[PDB]
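Listed here are the chains, written in short residue letters.
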Amino acid sequence: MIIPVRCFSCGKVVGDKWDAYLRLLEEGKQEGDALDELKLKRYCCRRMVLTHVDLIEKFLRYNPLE
Amino acid sequence: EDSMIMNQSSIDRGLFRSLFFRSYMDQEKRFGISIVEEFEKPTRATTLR
Amino acid sequence: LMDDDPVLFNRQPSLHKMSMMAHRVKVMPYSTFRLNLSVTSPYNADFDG
Amino acid sequence: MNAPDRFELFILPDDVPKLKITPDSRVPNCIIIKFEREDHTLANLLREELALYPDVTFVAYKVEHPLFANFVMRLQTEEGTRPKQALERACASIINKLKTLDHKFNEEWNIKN
Amino acid sequence: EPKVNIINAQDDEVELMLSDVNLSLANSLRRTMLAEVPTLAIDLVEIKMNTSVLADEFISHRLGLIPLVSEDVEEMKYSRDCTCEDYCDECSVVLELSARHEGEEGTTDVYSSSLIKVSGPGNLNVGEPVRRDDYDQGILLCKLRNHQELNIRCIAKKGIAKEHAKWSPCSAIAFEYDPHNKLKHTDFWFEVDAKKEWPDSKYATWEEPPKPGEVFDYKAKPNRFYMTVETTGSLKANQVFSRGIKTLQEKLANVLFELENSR
Amino acid sequence: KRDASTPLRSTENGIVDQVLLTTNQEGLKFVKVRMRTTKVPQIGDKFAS
Amino acid sequence: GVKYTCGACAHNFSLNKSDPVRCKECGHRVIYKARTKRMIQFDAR
Amino acid sequence: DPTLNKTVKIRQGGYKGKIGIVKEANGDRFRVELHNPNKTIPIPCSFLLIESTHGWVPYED
RNA sequence: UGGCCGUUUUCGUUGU
Ligand SMILES: [Mg+2]
Ligand SMILES: [Zn+2]
Ligand SMILES: [Zn+2]
Ligand SMILES: [Zn+2]
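Residue numbers (the authors' numbering), protein chains in the order written: chain H, 1 to 66; chain P, 836 to 884; chain S, 437 to 485; chain F, 1 to 113; chain R, 4 to 266; chain U, 934 to 982; chain Z, 28 to 72; chain V, 749 to 809.
Everything labelled a hint here was simulated from the structure, so no lab data went into it.
Warning: the hint list may mix true and false statements.
Quick list of in silico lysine to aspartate or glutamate cross-link-like pairs, EDC-like style, CA-CA up to 16 Å [claimed, not checked]:
#1 Z:60 to U:959
#2 U:979 to S:441
#3 F:34 to R:261
#4 Z:64 to V:776
#5 U:934 to P:863
#6 R:249 to F:79
#7 V:787 to Z:52
Taking CB as the label site, the calculated pair distances span [stated by the list, open to error]:
#8 R:194 to F:80: 51 to 57 Å
#9 H:58 to R:122: 35 to 41 Å
#10 R:22 to V:755: 55 to 61 Å
#11 H:28 to R:122: 35 to 41 Å
#12 U:974 to S:446: 23 to 29 Å
#13 V:799 to F:16: 32 to 38 Å
#14 R:194 to U:973: 51 to 57 Å
#15 F:80 to V:795: 47 to 53 Å
#16 S:466 to V:790: 32 to 38 Å
#17 P:871 to S:466: 44 to 50 Å
The C-beta atom is built at its ideal place from N, Cα and C for all residues, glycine as well.
All chains, full assembly: derive it from the sequences and hints.
Structure, rendered in structure tokens:
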């Protein structure tokens, strides 16, 4: 849905880094690189930012009842 | 015997915590032209059972 | 119910009389029964659900 | 729906004293300690040192069930010393070791940066 | 007797070398500082109103994980023990967020930075949310679209990582010893030989490999622990270490007081 | 008058989220209550690879 | 005394259980009640 | 007893400052149900905060 | 002022 706050396994806060990851991906850097420049070495964190799916944009694409 | 041990903190970090929605149903019912059933807060004196 | 009291216990199907026994009570938290891992065979049971 | 209070893993009820001692009458100079609100974090540390002492014959503990926050420690010092004194001696020893480690780390961090 | 040798220091990550202490002690220190470091985090989320696509519980949870600067939490009493009726500013730090989006186009992105401290037992440096930098927007709490408003009245308290994983100041503790397995406490699986399969640890150069003719030492013990700490930022790694040591100390002191008082 | 309530299932808890109130095909009141809650994994769940 | 909200035009109003169930402003036939006023709590856990 | 079915908080105890509802008021030990958890806890009458016309009123309402 | 009442029958899907 949304990038989580704390990595489930370790606890290294990651959510704040999601936007930067998207940004780095924009200019075509390979994913491993981007994960590097964020300083994510333990793959217990690499798994998330590599394989999280953003849905909240999809859920907002519907006009709210307000 | 195919049972698992879960990192308590991993649960507390939002692991496999999911949502559960239940929808209830009801409607006003008609016994005839002049007999219907109305949603309302029933007082104990006016109603029974 | 208090600890150490006697109560029956069972599984379905109850093929052979080693599928019913009388155990003793121990009060605990959480909402599951728990068995010593040895007694699974007489109940022919496993914790896969 | 029947889970224990997560604040109860460390908080103590009033009627139960933090620690409870039980002499072990089946052998000489042996005691059994009934702890409260403790686990490996304290037990392992106490046991390591109390084993390192010279005048301790037998020392051990066990965590009854991880669903309960208390453990039991077996201690049996030689006739030379009563167990209580040996335990408090080990307590002081770790206290001072930790103090020394803290002081050294403080100085090291000061110099490092 | 205990020694210390920091290898690389920083605000968050500490990569040191601890030697000449019982392995029991190093492990118990790791455990206690992972579990028994009092801190501050969001406790009671009171939602005045919400219009987002995220369940109220979902936000209350997301707030539960937000790291709070707790550099002075040691001064804050336990809300369980504080004598005040309801909460007080000496046992509770109040934070409130009220963000909104307007306009029919675009999407707002409420971040942690938008959080605000309303009160707190000042000037104790507690309550402030943590940030890597000043311009670093930080943690993403939600996204808002046209007419969607979010309002909340948070609360924090002093709890411990035992009672929940939000009170954990430690993120990931490395830990090891005997990088060449001198003490042999591990037996190495292999298909041909142990050495040509298993790659070497990063502390490989820090202790000399055993000599081929070297024979076992049955009195050998673990002596040098290399434990690399890290933190979320809610507390400085040095503060983490000192506070863990202090907590363990006072705990043993309590135990000794109980022992002496019992008689 | 007699009670014709629709009590919540006694084995459930949560917060009422979204009440709907419209007419049925036949023009009587016709309600829907979507109660919600979140399920924390605990002892006795099920999981699978 | 019992507010509402439309599902098509999202404009608020009320009714006294006698008006037909329709949106006053756009006439839509799907409505929802609005949040209560008592205070809502979460332990964030 | 006119002191039932009212919003109530806890001023002292392990749940200091939690909104709760009085579900059962047999006597001298009020059974109050909270919101944050899915459970109901007994609690003495003097360890609670009762909503009143203005502000939060202790057990004198 | 105690005392105190919530369908059946089908079919389905699943579970061990
Ligand atoms: Mg099976
Ligand atoms: Zn991680
Ligand atoms: Zn206070
Ligand atoms: Zn409308």
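Going down the list of hints, with the structure as the test:
no.	hint	result
1	Z:60 to U:959	22 Å, violated
2	U:979 to S:441	30 Å, violated
3	F:34 to R:261	13 Å, holds
4	Z:64 to V:776	30 Å, violated
5	U:934 to P:863	15 Å, holds
6	R:249 to F:79	34 Å, violated
7	V:787 to Z:52	43 Å, violated
8	R:194 to F:80: 51 to 57 Å	54 Å, holds
9	H:58 to R:122: 35 to 41 Å	39 Å, holds
10	R:22 to V:755: 55 to 61 Å	59 Å, holds
11	H:28 to R:122: 35 to 41 Å	48 Å, violated
12	U:974 to S:446: 23 to 29 Å	28 Å, holds
13	V:799 to F:16: 32 to 38 Å	35 Å, holds
14	R:194 to U:973: 51 to 57 Å	43 Å, violated
15	F:80 to V:795: 47 to 53 Å	51 Å, holds
16	S:466 to V:790: 32 to 38 Å	21 Å, violated
17	P:871 to S:466: 44 to 50 Å	48 Å, holds
In the structure shown, a violation is registered for the earlier hints numbered 1, 2, 4, 6, 7, 11, 14, 16, in ascending order.
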